[PDB]
Structure formats: C-alpha cells, structure tokens
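There are 6 protein chains.
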Amino acid sequence: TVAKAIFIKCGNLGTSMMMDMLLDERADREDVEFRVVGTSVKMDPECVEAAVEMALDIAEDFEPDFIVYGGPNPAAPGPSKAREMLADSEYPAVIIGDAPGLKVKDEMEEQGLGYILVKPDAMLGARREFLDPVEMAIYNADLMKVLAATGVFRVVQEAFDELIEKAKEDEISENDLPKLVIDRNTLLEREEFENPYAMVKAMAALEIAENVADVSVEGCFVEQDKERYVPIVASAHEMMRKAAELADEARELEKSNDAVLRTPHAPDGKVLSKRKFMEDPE
Amino acid sequence: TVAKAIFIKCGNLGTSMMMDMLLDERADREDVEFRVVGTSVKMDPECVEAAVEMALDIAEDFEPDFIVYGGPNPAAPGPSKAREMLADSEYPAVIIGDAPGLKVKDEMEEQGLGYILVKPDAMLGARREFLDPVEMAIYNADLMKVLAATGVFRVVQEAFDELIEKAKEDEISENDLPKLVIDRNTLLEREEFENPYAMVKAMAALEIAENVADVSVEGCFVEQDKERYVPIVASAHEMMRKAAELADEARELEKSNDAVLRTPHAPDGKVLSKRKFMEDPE
Amino acid sequence: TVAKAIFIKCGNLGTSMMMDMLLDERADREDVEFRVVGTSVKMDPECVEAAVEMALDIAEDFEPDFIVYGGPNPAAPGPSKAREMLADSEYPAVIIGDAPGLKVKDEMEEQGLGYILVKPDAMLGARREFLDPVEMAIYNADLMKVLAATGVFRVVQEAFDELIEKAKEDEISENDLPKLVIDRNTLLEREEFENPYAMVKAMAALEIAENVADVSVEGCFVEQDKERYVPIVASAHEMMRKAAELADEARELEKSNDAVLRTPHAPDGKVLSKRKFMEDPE
Amino acid sequence: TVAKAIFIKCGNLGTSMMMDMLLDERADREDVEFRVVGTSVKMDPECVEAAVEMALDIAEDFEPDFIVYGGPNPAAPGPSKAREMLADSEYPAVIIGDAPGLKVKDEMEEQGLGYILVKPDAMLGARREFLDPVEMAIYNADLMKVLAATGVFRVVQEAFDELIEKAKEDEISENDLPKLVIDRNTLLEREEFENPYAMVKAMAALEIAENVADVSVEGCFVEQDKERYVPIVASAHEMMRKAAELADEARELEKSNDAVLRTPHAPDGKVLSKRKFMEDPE
Amino acid sequence: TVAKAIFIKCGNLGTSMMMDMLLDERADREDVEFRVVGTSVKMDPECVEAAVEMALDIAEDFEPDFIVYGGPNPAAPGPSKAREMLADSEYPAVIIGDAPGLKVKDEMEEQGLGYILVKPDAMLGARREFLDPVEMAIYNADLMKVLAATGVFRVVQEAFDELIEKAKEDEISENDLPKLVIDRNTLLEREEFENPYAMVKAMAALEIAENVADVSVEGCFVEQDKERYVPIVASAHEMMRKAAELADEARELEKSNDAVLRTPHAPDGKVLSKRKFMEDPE
Amino acid sequence: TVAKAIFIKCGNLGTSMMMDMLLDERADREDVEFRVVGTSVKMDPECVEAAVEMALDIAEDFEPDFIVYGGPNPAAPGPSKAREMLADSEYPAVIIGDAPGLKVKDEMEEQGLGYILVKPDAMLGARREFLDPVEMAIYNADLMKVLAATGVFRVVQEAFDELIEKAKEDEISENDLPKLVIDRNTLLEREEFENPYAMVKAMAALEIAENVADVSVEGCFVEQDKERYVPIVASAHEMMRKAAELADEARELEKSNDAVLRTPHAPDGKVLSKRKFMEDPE
Ligand SMILES: [Mg+2]
Ligand SMILES: [Mg+2]
Ligand SMILES: [Mg+2]
Ligand SMILES: [Mg+2]
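In order, the protein sequences belong to chains C, U, P, F, H and V. Just so you know, UniProt numbering puts 156 at position 155 of the first sequence, and the rest follows in order with no gaps. Just so you know, UniProt numbering puts 266 at position 265 of the second sequence, and the rest follows in order with no gaps. Just so you know, UniProt numbering puts 19 at position 18 of the third sequence, and the rest follows in order with no gaps. Just so you know, UniProt numbering puts 131 at position 130 of the fourth sequence, and the rest follows in order with no gaps. Just so you know, UniProt numbering puts 152 at position 151 of the fifth sequence, and the rest follows in order with no gaps. Just so you know, UniProt numbering puts 116 at position 115 of the sixth sequence, and the rest follows in order with no gaps.
A couple of the hints might just be wrong.
Identical chains share a label here; the pair holds if one copy fits it or two copies do between them.
Unchecked claim - As a list, the in silico EDC-like pairs of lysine to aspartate or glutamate whose alpha-carbon atoms are at most 16 Å apart:
#1 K271 - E159
#2 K277 - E195
#3 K106 - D62
#4 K5 - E170
#5 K167 - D66
#6 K5 - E111
#7 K271 - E163
#8 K271 - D32
#9 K167 - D58
#10 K167 - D259
#11 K5 - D226
#12 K271 - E130
#13 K167 - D62
#14 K5 - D58
#15 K5 - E283
#16 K104 - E130
#17 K167 - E280
#18 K227 - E130
In short, the hints are calculated from the structure, not lab data.
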C-alpha cells in the first residue's frame, strides 16, 4: 500500500535539511507521500508552535502514519514545545536533532516519541561578524558532504525505510519507533566501507565534525571578546571544511576498489543494493 | 515594519533548498516572518497543486506580502500548474528555477510573475542504478558549495532582500518583482571577488555546473542503453565535484587577500558589508 | 615493408601537435618514415597553400602512402583550401581537426578525404590581453594531459597505425580512410580504463574540454567589451586546467589498481599491450 | 620590414616542440613568416641530414634570415651531422638542445652558430615496457607546463625576438647569435615572479626537472635488469609530474597577487607587457 | 657569558623531540652550550631515575644554569620521579609535557618547577596492531609539521630564550621559570600570522591535534575490542595527518602575502625577526 | 637476555633523530635498554669529544653491547674525532650519517666501525636569513615523512634489530657491523610496497630528497650573494616539501590496496609483520 508522513522543520540542521529527501531520491517511490512544513531558520517557542499546529492542521486530512520534527537543540524552548505537541497527538512522532539532545534523551522515551540524534551535525559559527548567508551555505555544503560520504545519511535512510514498512503494516507502536544516536563509532557497526582505511578516514571525519560543536559553542556562547570569538567560530568552519575533505577521501578510496555501496529505492519502495559500478542494483 | 512570505517547495533544486535561509542566516532578523510549505521531492501536477493550495490556504491568515515558488523546471506540468495558480491569486509571486524554465520566461511575465532562473543549478543524474540517497546528497553538497562560493546565492539573497524592502513600502507591483536569469556571465556585472582570478575560477565553476545539465538529460531522458547511461550520469557527478573544487579554490584566493566578502543582516534587516576578516560589518 | 607519410601542420591543435609522435614514441620503429612540414601557427589561405605545396613537392621524391593535414577548423578559409588541394592530388589524405570541422563532414566524405575530428580539442581563449606566449603553452599543457590521459590519443594512434598497415598493402582506398569524430562518448565503446570511475572521470574530463570551445568562441568573437571578454577567455582556461586535473585523477585511479593500459610499438611496428606495471608488453 | 626563418625538428624536446609558436601565439604577427620541416621523432644521422637538406632546399626561394635546429642531444650522431650542414650554409643558425649539449658547447662556438640549451628539458623514460604513446604524451604535458609556468619559455621567446629584430636590420652576425644555457639559476637574473615564493617554487620545479634526466639515462642506458630499469624510468616520470605541480603552484601564487607576468606580441611584432589581469598590455 | 643547560628526554613527545634544537637552529650560537641525555622512549621510574641521575652526575662538573626534562604525561610514575628528583636539586628545572600534565600542575608549582604543557602534542595510537616504527615516524612528522607551522614551537623557543638571557646573569628565580599551557587559543594573542585566515586555519590545526589525544586514549586504554580499537587509533592518525595539511595551508597563505615570520638567532644569541623573503633579519 | 646500547647524537640528521626510537616504537620491548647522550646541534671537535666522553664514561658501568654515533657528515672534524675515539675503544660501533660520509667510507672500515649512510637525509638550507627554528622544524617534518613513508627507516630498523639479536649472544664481530649506503635504488629490492606505483613514487621522493643536498650546499657554502643564496636554499625546502607529498602519495596507494606493511616489535623483541589492516601481526 502507500505510507504517508509529515515533516516539520524549524531552524536548520544538516540532517533535517535532507531527511525527507533521503527517502525518495529520484521521486519514483509510488509507495509513499510526504508533506513538508516549517518556519525556516526561526525556532523560538512561538514559531515552533505555529509550525506544529500547521502540521497537525493538515494531518487531519492527510492522516500521516508518523510525523517527524527536525531541528537543532531538541532541549531548547522552541523544540521542547514541539516535543510536547507531538507526544500528545494521535500521531507517532520522531524527533531528529543534534548532540545537545542527549540532555533530554530520557525525557523523550517518556513522551513516547522516536529520535535520531546526530552528534557530528554541529552548530555553525553563528556570529554576525563571520556568518553571513553565503558562509552559512558553504558550511552546510561541507557538512552535507561529510554526513553523506561517511554513510551517516544511510543510517537515517534505513531507519526511515524500516519504519515505512511497519507503517504499511498498519501497526505503528512505540517499540517500532527508532532510538538512535549517530557518532563516529556508529561506523564500527556497519559494513558501509569495503576499504578499511576509508572507514578510518570517515571515522576521523565524523570525529572532527563532532568537535566543531564545542568550537562553535565556545565562540558563540562563551567568548565575549570580538578579537577572540570571530577567529574561534571561523576555526570551527575550517575544521568542518577538512572533515569534508576526509569524507571525500574515503569515498574516492572506495572508487579505487569499485566498492562504493549504493542502496537506491525501487519504484515500489524496496531498498536495493550494489557495490560494483556496472553491477545493476540488486 | 515586518514583511511576510510563503515559500512553496516542490521537487528539489539547490537554489530552492536554501533560498529562504539566505535571508536570515542567523535567525536574528526581526523584520521578517516566513512560512515554508512543500510536497518534497515529488512535483507532479497533483502534488504541486496540493502544495500551492496549502500555501494559499494559510495565506489567508498569514497575509504574506509575496509568495515564492521554487523547484526544478517551471515549464513542467506541476510547475506550470502552480504558475497559473499564483498568477490568479491576489498574491505577488516569484518563480525560482533552472535553465529549463527559460522556455516559459516570456510566458511568466505575461502571467505577471517574477522569476529567477539559475542556469548552473543543474539536474542530477537521476538513474536508479547510480542515484541512491547518499549520492543525491553528495551531489547537492557540491552543487551548494558551487552556488554559494561563486556568489550566486548572494544574487538570490540581494533580489529577495530588495523585495522585502518593497513589501514594507506596502507596495509590490509587477515592476518590483525580480526577473533574473543567473549564469556564468552574471559575475561580470558584479564586484563579488576582489581577486580577478578568483572570479574567473568562479565563472569556470558555474560554466561547468551549467554543462552538467546536458549530461544529466542525455543520460536520463535520451540514452536508453544500460551500459551507457549509468556511466553518463556518474560523469555528470564528477563534473559537479570538480566544479565545487574550483569554487573552493576561488574562495581560498579571496582568503589569501583577506578580501572575502560577507554581507550579513542586521537585526533590523539592514544588509551590512565587510571584506576584511577583522573588520565589523557596516 | 616501410610505410611513409607526410604531416602538414598549419595552426595549433592539441591532436596535430602529437599526431605523428604517437606513432613512434621511442623513435625505434623501423617500419615507418615521416616528413613534417608546416608554417607554424599561421593558417591563412596563403600560408596554408604554400604548406601543402611543400608537402606535394616533397611527396614527389618521398612517395608517401598518405598525407595528413592537421590544424584547427577544417571549415575555415585556409583548411578548406588545403582540404581541396589534397583531394586533387594523387595522394591519399586525412584531415585532423576539432568540433568546428563537423560543418564540412559530409563535404569531406564527398571530397573522398579521411578525417579525425577531436571535439575536446578546444580552441584557446586568444585575446591579446590574456593569451601571451606562456599562457598559450600552459593551456596546451593541460589539454595535452586531457587528450593523453583520457585515451583520445590512443584512439588517434590506433586509427593511424591501422592505416599504416593498409599502407603497406600499397592500396589505400577511400574505404580504408578514417572518418572519426572523437568526444566524451567515445570512451563508452572502448576498454581504455579497467577502473569504472576512472572512465567516468575521463568522460567528465572530456565533456569539460569540449565545453571550453564555446567559452573561448564567445570571448574571442561575440563579446567585444574588454571588461568582459578578458574574464571569459580566462575562465575557459581555468576550465581546461580542471579537466586536466580530472584526467590526472583518472590515471592515478588506474595506478591504484595496477592496471595502467600501455600499448607500445615493437621495433617491427606491431602494437604490444600490457596492464600490470612489471608485466612485459605483448 | 618582415623577417623569416626555418625550423627543423628531429626527435622531440619540450622546447623544440613549442619554439616556433612561442614567437607568434595568436598568429597575428605580420612582421614574421616561418616554415617548419622535420622527420618527426627519428634523429639518426640519415634522417637528420635529409631534414636539413629539406630546409636548405626550401631556403633557396624562402631566403631565411636564420635557420633553427631543434632536437635532443646536439652532441649525438644525428644532431652533430646537422650542426655540420648548418655551419656550412649561407644561413645563420641556432641550435636548440638539452643538457647533454654542453659537451659540444665550445665546438658550437667554433662552428659559428648560436644555441639554446635547456637543462630542465630532460630526456624521458624511453623503455618499451613503460613508454607507450599515451605515457609519452603525459610526460610532455608535464614538461610543457613546467617550462612555461616557471618562465623558461619566456627566455626562449625573448631570445628569438631579440634576434628577429636584428634580422630586420639585415645584420645577423655571429655576435647577435644567442649563446644560452638555461637552468634553475636562470630565474635569479629574472623578474619573472613578483612573489618570492613563486620564484622559489619555480626554481625547485626546474631543479627537479633537470634531475629527471639523470634518472631516465640510468634506466635507459645503465640499468640492464628489467626488474629495476622499469621502476626507475617510471619514477623519473613521477618526479616530472610533481615538478609540473610545483610550477602550477608558483603560477597560482602569482594569480593570488594579481601579478601574472604576460608578454604578448603586438600585431606588428613588438613584445608588450602587463601584470594586473585587467591592465591592458603596454 | 655562555648559558648552559641539560635536557633530559624520556619517552617521546613532539615538543621534547625538538626543544633544544629550537634554541640553536644553525648550530652557530656562541652564547649557549647544551648536554642532552635520556633513556630513549622508556619512561618508567627505573629508567627515568637513571636518566635524571645521569643528568645530575653531569651537572656536577658541567654546572648548568637550568635543567629541562621533557616527555609525555608529567603525572605518570616515571615523570613524577624526575619531578621529585629535580625538585630536590639546586638546579632550576622546567618540565615539558602534554595535557595529562595538568593533573599535577599544582604539584609542580609547589615543587618550584617551571613547565610548558603543550596540549596539541597528542599521544599517538600506540597499539601493536597499528603502530610499527614507520607509522610512529609518520605521525611524528605530521605532529612536528603542526607544532612548527602553527607557531607553537616559536612559543617554546621564546620561553627558553628569555630563560637563557636570565641565566647569563646567574639569576634564575623560581618566579622566572615558565608556567605555560599551550593550546589552540594560545595563537589568538600572537603576531604569528599576517593573514587572518592563516591564524584561523592554524587554530583549527591545533584544535584537531588536541582532539587526537582523546581518540588515542580511547583506543589504547578504554576500548578492549581489537575490532574496534585498531580502527579508532588509525583514525587518530588520520586526524593528525589532516591537522598537518591545515598547518601547511596556513603556511602557504603567509607565503602568498610574502609575510612568513622568521625569528632566527644571531651568533651572539640575539633573536632577530623578519617578514619579507628578501628582508634581512634584525 | 637484554641488549644494551648507547646512542650519541651530535648535530642533526633525520635518521639520527629517529634511530633509537624506531627500535622500540611503543616502549613495550623487554629485550632492550638504551642510553642517549649528545651535545644537541653542536658537532665541533670540542663538543663531539665531550659527547663521546659522556658515552664512554657511562659505558663503564652500563656495559653496552654496541654504541651508535649519528649526525651530519662523518668526514667533518667533529664526527671524525668521534670515529677515532670509538674505533679506539672496546665497544662495537656504528656510524649513522649522510652522503658526505662516503668520503671516509674506507677510513671507517679500516677503523673497524659499521655505518649506515642515508643519502636522501639531506642538509637543510642553513642560512640565517632563511632558516629560523620554525622552518628548521618544518623541514625535518617533511624529511622525516620522506624517510618513513618510503621505507628508508624500515631498512634502518632491520639493520639494528639484527645487531641487537647478535648482541643478545655476546657475539658482535666487526663483520657483523653494517656497511650500508641507502638511496633511491635501495627501494628496488625490498618488499615494502605491494603496489608498484607506490614504490615508484617512493623512489621519486628519495631522488628529490637526495638532490636537495646539492642545492643547500650551493646556497650555504658556494653562493655568497644574499640575493642569490636566500632563494636558492628556500627552493631546497620547497623540493623537500614535494618529496614528502610523493611519499604520502605512495602511502595512500598502499592504503587503497589494504597492503600497508607494518613490522611492529613483539614484547620479546621479535619483529612481527602484517599487511591487511585487520590482520594481526605475526
Ligand atoms: Mg632551586
Ligand atoms: Mg621550595
Ligand atoms: Mg671493535
Ligand atoms: Mg682495526
């Protein structure tokens, strides 16, 4: 049959920005249908409510098997509000956030919602003297490349593909809701990379990515001297740029061996697989 | 004065992906309020329709000073549908798209619509054999790095920022709507780069992102032999990855001359500017 | 048997610069003898004729099995004159040219001439303000790498050596003359690369090289505003530099797989073959 | 007035391959007229003689102010033969060779001819097991990039341009004939590079290119064990590839400072000069 | 007056490997005289005791003005014995260590010892399965590149140069001994880089280097699973390799601005200074 | 049985800096015990003698099985005094040096001393106007990287490990002492690289490094003009930097084939071996 879900996006995150598209890359999955609503970058308690009310507003006629909320710091005012509104609705919800979301990690099991906490999806150096729109874009391009090439996006894809199957089974229980925490070590469980050094390079990429957070936090919430915080947050961007280079390096190693894992979606939604370039998705 | 807008996102394009965030990079603007709605990757006449209705729906109470529709190919069934829906509504609308929209450029002005066509925002190789979620994301990472580091996003931002000023003047006419077609030569009319070699590299990056389109189509809708179109779409990706490298290069040149242009928004919406890293934006 | 030929070089084309040397790379080939005549970069109607005359003059005593004319744009005043002069001669001939020669592909087949059209051998951005002597050399370096590392030169070689064999059968008929149009898609129907990704990188590299031509054309003829054509002709050169680096990346990929295809000429003229580095060519 | 000269090319050398073209880059120099003749790669005493015989043969009606012979090792059988025939003609000649030509350096002062010996124009790894047509082209592309970007070609261009002036004065005396030896230290008497590190990098690139010859020679003429000579010549080619990278790196520094030295020819033949990209050749 | 000191090296740290050499880079200083002793890489109490006793026996007749002990973890048993032994002597002493030394910072002050703790001097992935002699050297090469190119070594050089001047006046009090903790933020207050982006890339390099320590600790002392720790320590090395490239990029930015800081020693000990390449130090 | 040795370090050489460490990479060997003494960068006769006397004085109660002296030029005055002193003692001794040691090769054999001369271990551009501490450290970082990644250090490790086993049997004869001369060709007959291009790239790195010596020598002892020798020595440092990148390139190829050789020491001193990342050493 056909499964449906709603995506609410407040504020920006590398994972939230891509989460719904990781489910139907070519737009040929006839077995799903999604809606996307949000308040852009804004994520204060007010805008959040309005967004979740905009999702509950259309879920009435849309009737989503599950709703997903994606944004930074799920333990902050704005996002906290939205955890409430979704925990108390006739819809199974999933909250996708970053590392600060480990604070309210217990509280999320309580509210009965699923979650995808990406640690390497670090906050960017948000300081007016440094972060303008373009810098903002450049940083996201480097983070997108590290989360994709290291195989973290695969984890999110497969997590929302294993749910979309239980959604067609007309049985979405809280035991079916994912409870994930993505980090460098997560790659130690997969078989993503055939070349071991590629895994080690992807691991290093994610380690660096996770570290970008502390640098951005310090420069934005701790250092108050212009002469010190501008360079600090900028150094957080230089780090992520390198993590992106490491990610690319990992991918190229897999190209040298012709083992680049590829798992596309069949028109009916079933996840295929392949390693060799001219292999034809199995 | 507080301007309002509604972004309709159907299908995916690099420009539509970040278009709204380019207007409030740090979420500190208190002169704007946005509501984003879309049907994700799917952009057929059915989904597109439901999305615009969804946007017009909330537009009654939101009261946007304008509505923006972004997605690939404005000449396609769905986009054309949305193009007539917005033209017939009492809302000043803008259409953001790729090269394929040119076929309906003279047609959009008659509908009284504003448009911004980004030629280098090329369609990716959407073959099930090559394009899986990861690959799609990686593709957009490079495409984003391109549109950002080459100055194209600052063009989009500039156009909308000037529009948001008009939206405050309580007067948005067909003359105040943007009618731009971005391409490699668009940089010739700007002073984005201080280093002349940074610009020509930037131009090369956009010229190459532009050619990527021909290959993606030649392998998605033209060629039908399995043994040819897979290598064809993958070759379009390699082109995008190197285009992104030329963009990174150009920016590193602006970094060596400490002439990296940054144009961040003040809390009141005012667009500041600076070249030197240590200088505050004025 | 010892085949012979006379290459006429008028103008500058990457394929005409190497054409004869790809036939006797180590100069230890004793089954062939060549004579090279030309008037340097000048390819005007006068110089072109004075060149073909020298070739026809030398051919009297030399007595070649065929005569090759290499230079840019066979459909120009100079090349056209030479195209006709050779057709009227008693000597078989082949025309080495770029994309601009396709205009006269049908005509050359009528004149009974043979031809090899290399689409990716793009014209350089010749605009006094940019293309000085050094820059010209530089551009030709990148292009030489692209045509060499992608496999285009091996296609040229396999065609000219297949002809020299028929030239030993002292009977070269128009049916034995080459009629090739090299471009990105040529690699698709070959086995140059053992590594798949090295192939699509080579294909990506060839597409870019081809696309440089239009850029150089736009800036050398169409655009007449100095403030714009200087940047444009330079952007085309930054593009070919990228194409060269891409070709290099492809060769290194073959190296990681110890599969660099090498096909050297034995002292007798036979084309040997090898993959593995320490493997003898047979 | 108008100056003329003939160029004989036997065997290949990076400088011998570009020599003529470095004097008329766009082919719009009306004050010169060149002719090019040779036997391709072959350079044995027989082929050489037939080549210098074909140059003197056309020099009858062409009446050249000076003839130039270019090819590897001007102290070998073939080339030595050509020094004889040119020293014994009514035409002033210039011998273009590589480092092995310093052996017959004094003997050439005696024969009364000029010479340009480029030390960094190293011999390649000419072994059947390594050097095929493709590899041979890859090497010349690297060599071409270093000879150009390091500013060596500029030295050769200036030399033949200072001669083409004294050739319009119909006074080509042996004193006006060039007696040059070019190597790493040539850059110390130049102004080629404004950035001191770009010069330093170029010096290193030349030093390495020069040292490549010693490796090639060993692998080709000294090491007789196939298991050792193949890797040796192959390493000589890896060295040249990095030299090309260093040269390129020097050029990029110059772009960074907007000081890329350009010396294009004026339509009448006088060498112009400029630094800034948009400066307009003066 | 000649300044005398004894350096003791037990175990290995980047900073301790180069500490004494940074004080006499050309070996032409006439104001210093050094003795270096140690037990190589072994830093257990037994060996460290022999090392210090070796130094104290030498001090008898050599009469140094100060003694330096350098090696990892000032808090470990072996280094602790050295601190105890040095604290009990009459010779002013300094402890060079890494992050773990912070645990005994209070103890060192109470012991009258000086110290320089370099946090970016990270412990390597010391697991037999991954660290052999060559990998150990590779890591050191990268670490050295990071500490030198970021400017950390100039901080250490600086500290000791002042201590040496005071020694020449036989007046080294406990309050003269350095108490430095070096890390990413140390660079914020140095006039090391003229290019702001070079400082930011360098800060990024030091941040990543510091991060390496944590990753090496996890793989060597926490994770006990062979399958998990081998990849973890190898990823630690990948991070250091990338940190080295950042330091290298910063160094190349200074070169582009012909602003690389050099502070060589004059024959009489005076520390000169310069920026421009051809500028003489003073 | 535990082997004991003393290492004497005077002056600085890449190999003398790492020698002892390569023998106990993780400090977990039970079969060895070393003592290190030296006079830092100073290697004049007075200092060298003071150093050797320190060693021989320790030797009395330490009872070393063999003594190693490492540092620049075994033929210089200082090093020569060391050779005379050690050749005059009862302790078997090995001299670690650079190319200039070849001069006293016969003299060393007549003295009953062993030797390992590392030709690529080149002297740096030791000119005050260029070489300050930071640059000295950066040069050694690249040289170390070269000596490690190319396998030169593995050769050094092997020579000493063999000598160590002999020591454990109290049987070190003058015929057991090494007489090695390491250079580019040394790599031709080792098992180091599985990939041939990695071996080739490693050879290229050694050739360039070996060549760096001559450039530094020219700039330090021959050229006397500040305006010539500054750029000269600096170009020696740019060469080394590229030799390091080639060594890194060779290492990355091995990683692509998961054939990176690692020969770690077992606790009992046994030299293990492995190739595959996940493969345990045996
Ligand atoms: Mg005291
Ligand atoms: Mg006390
Ligand atoms: Mg003895
Ligand atoms: Mg004896």
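Here's how the hints hold up against the structure:
| no. | hint | result |
| --- | --- | --- |
| 1 | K271 - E159 | within (11 Å within a copy, 43 Å between copies) |
| 2 | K277 - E195 | both (11 Å within a copy, 12 Å between copies) |
| 3 | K106 - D62 | neither (31 Å within a copy, 36 Å between copies) |
| 4 | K5 - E170 | within (12 Å within a copy, 40 Å between copies) |
| 5 | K167 - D66 | within (9 Å within a copy, 42 Å between copies) |
| 6 | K5 - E111 | neither (25 Å within a copy, 37 Å between copies) |
| 7 | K271 - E163 | within (10 Å within a copy, 46 Å between copies) |
| 8 | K271 - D32 | within (9 Å within a copy, 45 Å between copies) |
| 9 | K167 - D58 | neither (24 Å within a copy, 31 Å between copies) |
| 10 | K167 - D259 | neither (34 Å within a copy, 40 Å between copies) |
| 11 | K5 - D226 | neither (49 Å within a copy, 34 Å between copies) |
| 12 | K271 - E130 | between (47 Å within a copy, 14 Å between copies) |
| 13 | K167 - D62 | neither (21 Å within a copy, 36 Å between copies) |
| 14 | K5 - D58 | within (15 Å within a copy, 20 Å between copies) |
| 15 | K5 - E283 | neither (25 Å within a copy, 47 Å between copies) |
| 16 | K104 - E130 | neither (30 Å within a copy, 36 Å between copies) |
| 17 | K167 - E280 | neither (30 Å within a copy, 40 Å between copies) |
| 18 | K227 - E130 | within (8 Å within a copy, 36 Å between copies) |
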